[PDB]
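Below sits a lone chain in structure tokens, taken as the form deposited without the named molecule.
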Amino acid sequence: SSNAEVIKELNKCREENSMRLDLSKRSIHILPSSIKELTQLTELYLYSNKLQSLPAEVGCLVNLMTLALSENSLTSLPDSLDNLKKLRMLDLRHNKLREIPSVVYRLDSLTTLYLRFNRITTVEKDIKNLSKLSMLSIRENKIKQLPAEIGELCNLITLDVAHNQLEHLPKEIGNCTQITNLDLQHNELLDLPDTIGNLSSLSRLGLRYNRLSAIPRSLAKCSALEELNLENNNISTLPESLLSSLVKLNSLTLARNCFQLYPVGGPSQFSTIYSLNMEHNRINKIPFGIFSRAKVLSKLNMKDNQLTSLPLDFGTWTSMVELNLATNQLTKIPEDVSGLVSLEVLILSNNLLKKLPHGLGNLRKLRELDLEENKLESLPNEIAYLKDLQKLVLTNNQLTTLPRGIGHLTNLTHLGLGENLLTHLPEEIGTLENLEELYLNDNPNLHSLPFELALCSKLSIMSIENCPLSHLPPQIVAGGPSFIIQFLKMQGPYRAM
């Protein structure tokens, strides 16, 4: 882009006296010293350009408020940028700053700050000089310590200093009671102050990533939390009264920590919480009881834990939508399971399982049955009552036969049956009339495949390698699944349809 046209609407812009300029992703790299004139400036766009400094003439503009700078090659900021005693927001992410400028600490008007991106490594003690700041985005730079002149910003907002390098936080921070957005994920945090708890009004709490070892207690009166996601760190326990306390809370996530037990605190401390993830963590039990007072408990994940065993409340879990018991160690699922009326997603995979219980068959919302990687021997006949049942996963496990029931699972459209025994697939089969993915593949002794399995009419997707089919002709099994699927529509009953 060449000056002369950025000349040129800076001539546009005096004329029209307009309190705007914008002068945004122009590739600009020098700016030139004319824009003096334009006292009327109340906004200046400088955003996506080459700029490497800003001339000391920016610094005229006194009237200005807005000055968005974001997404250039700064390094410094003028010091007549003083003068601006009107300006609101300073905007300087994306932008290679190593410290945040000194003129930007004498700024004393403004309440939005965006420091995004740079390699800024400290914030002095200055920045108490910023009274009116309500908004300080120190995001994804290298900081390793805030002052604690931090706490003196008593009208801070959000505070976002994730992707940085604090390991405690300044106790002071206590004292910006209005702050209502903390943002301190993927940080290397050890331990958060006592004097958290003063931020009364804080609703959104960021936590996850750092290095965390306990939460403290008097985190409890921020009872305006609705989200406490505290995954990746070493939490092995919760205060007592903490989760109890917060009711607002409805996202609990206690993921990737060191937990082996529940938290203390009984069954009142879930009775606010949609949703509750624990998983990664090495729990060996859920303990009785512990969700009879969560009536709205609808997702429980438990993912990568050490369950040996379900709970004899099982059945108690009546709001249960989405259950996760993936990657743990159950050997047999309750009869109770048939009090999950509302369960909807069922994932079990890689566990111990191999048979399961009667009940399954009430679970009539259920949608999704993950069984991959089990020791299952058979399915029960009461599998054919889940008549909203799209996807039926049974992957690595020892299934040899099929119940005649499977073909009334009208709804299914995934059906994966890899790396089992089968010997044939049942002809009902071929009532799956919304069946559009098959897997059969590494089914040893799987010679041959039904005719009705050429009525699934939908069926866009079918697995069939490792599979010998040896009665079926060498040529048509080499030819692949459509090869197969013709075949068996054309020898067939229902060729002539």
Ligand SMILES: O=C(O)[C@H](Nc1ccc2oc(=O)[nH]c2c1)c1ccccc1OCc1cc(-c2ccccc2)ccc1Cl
Second form
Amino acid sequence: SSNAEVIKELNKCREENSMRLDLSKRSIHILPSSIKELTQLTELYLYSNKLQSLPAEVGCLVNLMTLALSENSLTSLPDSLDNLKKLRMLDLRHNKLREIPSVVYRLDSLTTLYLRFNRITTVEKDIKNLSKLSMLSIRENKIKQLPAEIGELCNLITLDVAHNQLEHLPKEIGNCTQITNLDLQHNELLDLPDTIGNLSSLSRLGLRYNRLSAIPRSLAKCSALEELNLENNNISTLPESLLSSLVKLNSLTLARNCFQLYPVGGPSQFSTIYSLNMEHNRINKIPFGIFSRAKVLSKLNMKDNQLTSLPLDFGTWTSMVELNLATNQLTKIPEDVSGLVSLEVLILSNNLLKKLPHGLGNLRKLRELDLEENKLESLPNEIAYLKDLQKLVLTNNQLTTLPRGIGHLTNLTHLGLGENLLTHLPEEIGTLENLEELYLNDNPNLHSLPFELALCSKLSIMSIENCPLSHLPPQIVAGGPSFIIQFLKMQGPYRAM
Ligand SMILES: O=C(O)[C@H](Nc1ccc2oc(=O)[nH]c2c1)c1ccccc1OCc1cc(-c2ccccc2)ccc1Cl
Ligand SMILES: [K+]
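Would you generate the structure of this protein in the form deposited with the named molecule bound, following the form deposited without the named molecule above?
Full complex below, order starting with the chain above.
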């Protein structure tokens, strides 16, 4: 879009006395200084261009309330922007700012400042000039520190400093008591100030990927917390009762820390959680009763801990929907697994299991069952009742066949049986109305597919690589699933259908 098109547009604007001018998405290199005429502008959009500088004449637009500048190549702003004494909203994200332009520290009208994705290293003390700020975003820059004068921003509601190099917060941040979203993910925080309990309106606190080894006891005063994410730190305990005081917590991530037990406290801690993620710790026990009150707990992740067993009451988790216990040392699943009537996903991959409880058959809503990497020598006959099951992964167990009841799994689409000890499959494989994918690779002893495999008319993926299949003619099985399945339709007794 050419210099003369830009000037045509500015004349249309100044003539219609329009109060908004959108010059965005036009690969402009230089904004003409004729824009000084358009003093009746209250919004000017320049985002997504090739600007490497803002003309000074933009400072004449003394009624601007929005200056949208993202996705350009600005490395500074001109000092004349001082005249924008009503500018409430300034967007500079995705530029090449080596710092915040000093003029910006003088726009004390601003209530919204976006600086995501730049190369800023310092936030100057002058930041206290912008006390009307209610939203401040500097995520994806290179800020090593925040000044104490940030406690002067007594109207922040959203403070986003994710993906920087902060190692501390200044205790004065606790003067910002209107804050409700604080994102500190991907920094190098070693600790949090104790003033943090001042933030009694804080509802989303993101500390994932930091160097924290303790949570301040005062965080139990952030009674409005709804989501707390501490994923990947060096935390090994929390101050007692902490979770009990967070009377609205919906989701909690403690994953990838140093915990060996659950946080201490009663069911009061999880009375209100809906999602609880603790993968990648060393927790050796789910305490009896911690979920006795979690009436809306529906996603629990305990993957890769030190579980050797499940609690007596674990079938009381009647509203749970996703349960991941992969990569523990479980040697059996209790029979009260039948109480989990809401379960739709069960991940037990890479434990120590040889058989499954009879009670597994009662999860009438289970859609995905992951059992890879176990020691399974057979499946129970009661899986015939997993009426909703659609994905069943059994790779690298030691099954020799499958229950005849397998054929009742109407809804089953993915049947992963690779790396087993299968000798044959039951004829009732044929009533698998919806089987699309059937993995059978690496079964050194599978010597025949049944002819009723041809009645799976949605079957479009079958791997049999490295299976003798010596009961079928060698040259058929030499031509792969193409020819094996053809052979099973036409030379079996269903070629009529
Ligand atoms: O995906 C992201 O990096 C972020 N969404 C998020 C998801 C999980 C996180 O655990 C962390 O430790 N930080 C996280 C960020 C995103 C995505 C799209 C648009 C804005 C985003 O971020 C804004 C934001 C989020 C929070 C927050 C804090 C705790 C839990 C959930 C959200 C607070 C302030 C702001 Cl401004
Ligand atoms: K860690």
